[PDB]
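Asker: Spelled out, the chains give:
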Amino acid sequence: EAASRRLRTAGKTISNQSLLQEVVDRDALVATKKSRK
Amino acid sequence: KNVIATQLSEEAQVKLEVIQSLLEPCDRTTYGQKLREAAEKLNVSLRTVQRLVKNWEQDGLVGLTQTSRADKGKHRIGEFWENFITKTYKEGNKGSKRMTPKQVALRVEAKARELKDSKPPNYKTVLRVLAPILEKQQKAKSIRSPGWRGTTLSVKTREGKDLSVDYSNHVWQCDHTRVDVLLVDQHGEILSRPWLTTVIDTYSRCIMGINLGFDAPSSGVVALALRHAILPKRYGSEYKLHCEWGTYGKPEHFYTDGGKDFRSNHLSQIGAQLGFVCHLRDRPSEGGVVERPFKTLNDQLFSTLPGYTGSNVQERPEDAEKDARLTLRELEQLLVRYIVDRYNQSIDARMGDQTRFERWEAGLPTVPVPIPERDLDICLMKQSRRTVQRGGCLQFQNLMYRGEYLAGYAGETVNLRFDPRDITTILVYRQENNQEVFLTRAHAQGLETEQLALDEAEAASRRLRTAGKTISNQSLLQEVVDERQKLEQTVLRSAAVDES
Amino acid sequence: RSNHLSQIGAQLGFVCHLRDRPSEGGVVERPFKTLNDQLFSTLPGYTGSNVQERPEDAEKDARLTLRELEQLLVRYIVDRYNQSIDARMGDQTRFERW
Amino acid sequence: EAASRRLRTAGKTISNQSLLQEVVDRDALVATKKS
Amino acid sequence: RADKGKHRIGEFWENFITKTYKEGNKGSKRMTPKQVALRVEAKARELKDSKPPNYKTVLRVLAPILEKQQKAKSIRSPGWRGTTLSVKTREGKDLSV
DNA sequence: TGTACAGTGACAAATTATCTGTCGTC
DNA sequence: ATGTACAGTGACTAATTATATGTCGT
DNA sequence: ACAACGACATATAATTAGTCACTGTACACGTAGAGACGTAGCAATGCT
DNA sequence: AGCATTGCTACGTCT
Ligand SMILES: [Mg+2]
Numbered sequence: 488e489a490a491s492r493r494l495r496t497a498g499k500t501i502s503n504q505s506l507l508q509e510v511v512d513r514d515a516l517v518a519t520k521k522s523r524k
Numbered sequence: 031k032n033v034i035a036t037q038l039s040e041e042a043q044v045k046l047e048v049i050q051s052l053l054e055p056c057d058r059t060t061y062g063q064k065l066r067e068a069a070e071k072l073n074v075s076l077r078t079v080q081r082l083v084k085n086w087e088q089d090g091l092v093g094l095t096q097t098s099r100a101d102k103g104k105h106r107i108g109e110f111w112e113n114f115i116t117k118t119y120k121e122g123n124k125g126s127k128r129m130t131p132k133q134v135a136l137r138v139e140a141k142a143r144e145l146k147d148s149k150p151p152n153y154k155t156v157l158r159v160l161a162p163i164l165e166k167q168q169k170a171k172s173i174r175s176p177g178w179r180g181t182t183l184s185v186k187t188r189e190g191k192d193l194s195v196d197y198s199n200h201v202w203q204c205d206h207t208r209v210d211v212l213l214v215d216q217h218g219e220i221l222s223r224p225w226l227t228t229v230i231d232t233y234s235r236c237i238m239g240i241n242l243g244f245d246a247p248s249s250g251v252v253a254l255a256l257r258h259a260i261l262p263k264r265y266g267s268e269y270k271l272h273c274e275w276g277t278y279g280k281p282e283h284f285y286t287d288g289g290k291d292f293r294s295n296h297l298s299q300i301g302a303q304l305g306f307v308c309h310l311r312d313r314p315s316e317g318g319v320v321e322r323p324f325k326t327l328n329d330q331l332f333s334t335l336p337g338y339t340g341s342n343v344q345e346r347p348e349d350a351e352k353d354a355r356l357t358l359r360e361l362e363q364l365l366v367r368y369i370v371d372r373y374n375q376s377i378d379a380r381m382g383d384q385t386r387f388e389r390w391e392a393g394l395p396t397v398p399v400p401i402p403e404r405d406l407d408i409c410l411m412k413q414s415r416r417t418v419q420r421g422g423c424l425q426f427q428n429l430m431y432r433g434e435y436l437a438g439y440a441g442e443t444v445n446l447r448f449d450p451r452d453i454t455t456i457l458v459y460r461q462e463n464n465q466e467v468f469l470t471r472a473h474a475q476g477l478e479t480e481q482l483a484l485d486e487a488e489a490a491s492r493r494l495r496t497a498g499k500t501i502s503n504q505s506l507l508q509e510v511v512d525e526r527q528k529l530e531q532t533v534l535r536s537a538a539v540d541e542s
Numbered sequence: 293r294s295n296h297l298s299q300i301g302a303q304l305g306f307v308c309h310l311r312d313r314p315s316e317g318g319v320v321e322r323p324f325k326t327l328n329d330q331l332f333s334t335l336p337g338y339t340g341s342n343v344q345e346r347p348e349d350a351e352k353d354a355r356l357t358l359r360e361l362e363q364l365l366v367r368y369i370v371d372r373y374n375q376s377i378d379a380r381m382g383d384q385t386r387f388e389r390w
Numbered sequence: 488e489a490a491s492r493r494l495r496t497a498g499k500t501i502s503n504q505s506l507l508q509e510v511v512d513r514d515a516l517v518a519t520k521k522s
Numbered sequence: 099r100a101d102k103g104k105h106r107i108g109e110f111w112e113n114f115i116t117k118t119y120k121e122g123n124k125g126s127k128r129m130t131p132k133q134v135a136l137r138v139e140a141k142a143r144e145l146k147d148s149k150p151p152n153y154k155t156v157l158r159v160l161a162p163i164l165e166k167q168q169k170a171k172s173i174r175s176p177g178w179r180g181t182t183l184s185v186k187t188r189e190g191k192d193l194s195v
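Chains as they are written, first to last, in UniProt numbering: chain A, 488 to 524; chain B, 31 to 512, 525 to 542; chain C, 293 to 390; chain D, 488 to 522; chain E, 99 to 195.
By construction, these hints were calculated from the structure, which means they are not laboratory data. Any given hint might turn out to be false.
What the hints assert, rightly or not - On the chain E side, residues computed to face chain B include the following (Cβ under 8 Å):
hint, residue
1, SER126
2, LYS127
3, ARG128
4, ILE173
5, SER175
6, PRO176
Cβ coordinates follow ideal geometry from the N, Cα and C atoms, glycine included.
Using the sequences and the hints given, assemble the complete structure.
Answerer: Have a look at this one:
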């Protein structure tokens, strides 16, 4: 358990807040594409 | 052999509690007298209680419970008809035939009429007999594979040899997938789904480069992926990336799907010129380090984009061609942002300790040499067993050529290297001391005011000759310059060399 | 929707009508599946009703010719399909209801 | 129950003799197949 | 209890989850709950909300919606019965047979 | 020892619906 | 009011037959 | 001694095998094949 | 004289 809790705590350490920028700007791009008709 | 009792029922608990109430020891003459309470408690004679004691003292909780019957799972139709059913079904489902239990029952009834059997197996009897077979072949369909664990890994090759993966850049992989996105030209008609070809570092599970484009799986595609994989990266401020795709440098191996471009001469020339060894994949599963990222990337990216096309024809969503809206100059930016700002920083699925990126930078055996860009653009495609003319001149694919230093040589076997995207010039090579040595750079006769590609010159030679035109570089060039692939190629014309 | 067929109808004496949608066609769409299940699936080289379902060796097992498949399909229709009960009626075989 | 039983008992009287013999003859034909 | 089947994330998040999944599955887009939860994470961070819903809640929010979208595949047609029959022409004229 | 991500079971933490007391005149 | 209709299913029921019971037994 | 395992013949009941009325579900043109890169057929356009 | 090289066409064969 305590060994597996190392893997869990290590994975959870990611500074993910800089990684979210992809998702919101990908959607913003797709919403910027209006259809041809 | 240990066997444990399970599904202890209420009646078994009733039977157990009286057994426990007589597990308390006493003299045998009162033992045979205190157990009399069981008689009405079980509504049965003490001779059954003596039998129950004989079971429990012999068998514990397992024999205290009632068994299944001896005929459970035994079919009273007998071995002939149970053989007949399982014979008929398995032979009826060999190869591409797919007989079903209903079709089997018709065979049973047919054979019974021949046998004059008064009472052949009913269809539901025939269906019952096959239920074990259907279930056993169902479970055989979905068995999970463990996958590798920890840092140690080795990759099986079609050679039979198994090759360990020891450090970052020890073994790269590639394959191509058809992207599940319909995307469109400028202003935008539907075109068709592109191909994606990726380089994956088998140690870090990292991803050093991709080529995305409408081009079919071809050695020029693989070469342009390696041209991306191997070079240092610089992406323009128009991407607004947060992270830098710092993976570069060269492989010691290239382990790959056995596609015809991966088996090509051109790539083998790259293997010799860059020092990696091409290794073939045995079966698709061994590729999983690159097969699976298509699944990962389909799920986390393409499925969210307007032109998504589903994982199969049978799942193909009908709006895909109704509102496909990206061009590849956007799909590139989406895919590149997904890799560099997310996927590079994503955790490696069986290390946990670090990102995909850090298992590359910390795992490579030593800092690789960043090669000159022009050197890979000297690792062009080459042609051999051709000959130089007895003059200052040359030929290639019905083009005609000049060369500055060729006049010092008589007509002799020559080797030559060319950019298929800029066949305006060739680099020429000689076999001095059994080693390749430069002759000269060379040019098509009089060609300087414009530039030419190989694919359009090849197509022009077809319309050139079939019209009976006099064959020359002069006339061939006109048939280049006098459409689906035109739209596709002029999309791919959008390139970072104009933007960096 | 061809002129040829509409001209046959005018000659032979029937009007040509089109269904709204395939569901309204079920009376004709269904015998295919009764053929698909009860005939084509039990023959060498059955190709499976879908790309996700083609047998792994349909091309390897492929051996029937057009004259042979027709000679079976006619035995199926004459001795079997038309002799089955009409599924609305239960009492009448499809030919006796004709 | 009676409506069903009459409907069912009608269906039971239909002879499969043709519908059955074609089944073994289809296999006896296909038994000649080799790739 | 009166609370069974009703979530505690509240009216704003119950909508935002279901809004985001609904827009992500029109056209050929096929945004699954995980991508919604990843949007929820992004939304809370930009909302400055310190307690975004967990992916298990987001999957439980959509579970009835997913089942309603599933049931539509199964709905059976009664069919015609007995002797009387007609066929539906696209002219709109039911031709008796 | 293919790969590995989205979905799911079994459970703990937290919330909170509501149902169980000792009670008061009815 | 009504797409089609066959193969597979469930929920019993008739027949089989494995084996639990009650008395005697030594 | 008499409470221990037999010797039943007969119930007891849990197995299978069979009857039916329901119902889900595919029938709706559709993957054989595009598109690369050989080993091997070829012509040709040169020339000594 | 001699072939000798050069630019197509299969017929797979693979993804
Ligand atoms: Mg491949």
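Asker: Would the hint on E:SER126 be counted as holding, given a Cβ-Cβ threshold of 8 Å to chain B?
Answerer: holds, 4 Å
Asker: Grab the minimum C-beta distance from E:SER175 to chain B and call the hint holds if it beats 8 Å, violated otherwise.
Answerer: At about 22 Å, which exceeds the 8 Å cut-off, the nearest Cβ of chain B leaves the hint on E:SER175 violated.
Asker: Go through the hint on E:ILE173 and say holds or violated, using the shortest Cβ distance to chain B against 8 Å.
Answerer: With a closest approach of 20 Å, the E:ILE173 hint is violated.
Asker: Against chain B, with CB atoms and a cut of 8 Å, does the hint on E:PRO176 hold up?
Answerer: violated, 25 Å
Asker: Report holds or violated for the interface hint on E:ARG128, using the least CB-CB distance to chain B and a cut-off of 8 Å.
Answerer: holds, 5 Å
Asker: Closer than 8 Å between Cβ atoms is the bar; does E:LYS127 clear it against chain B? Give me holds or violated.
Answerer: holds, 6 Å
In summary, the numbered hints that this structure violates are 4, 5 and 6.
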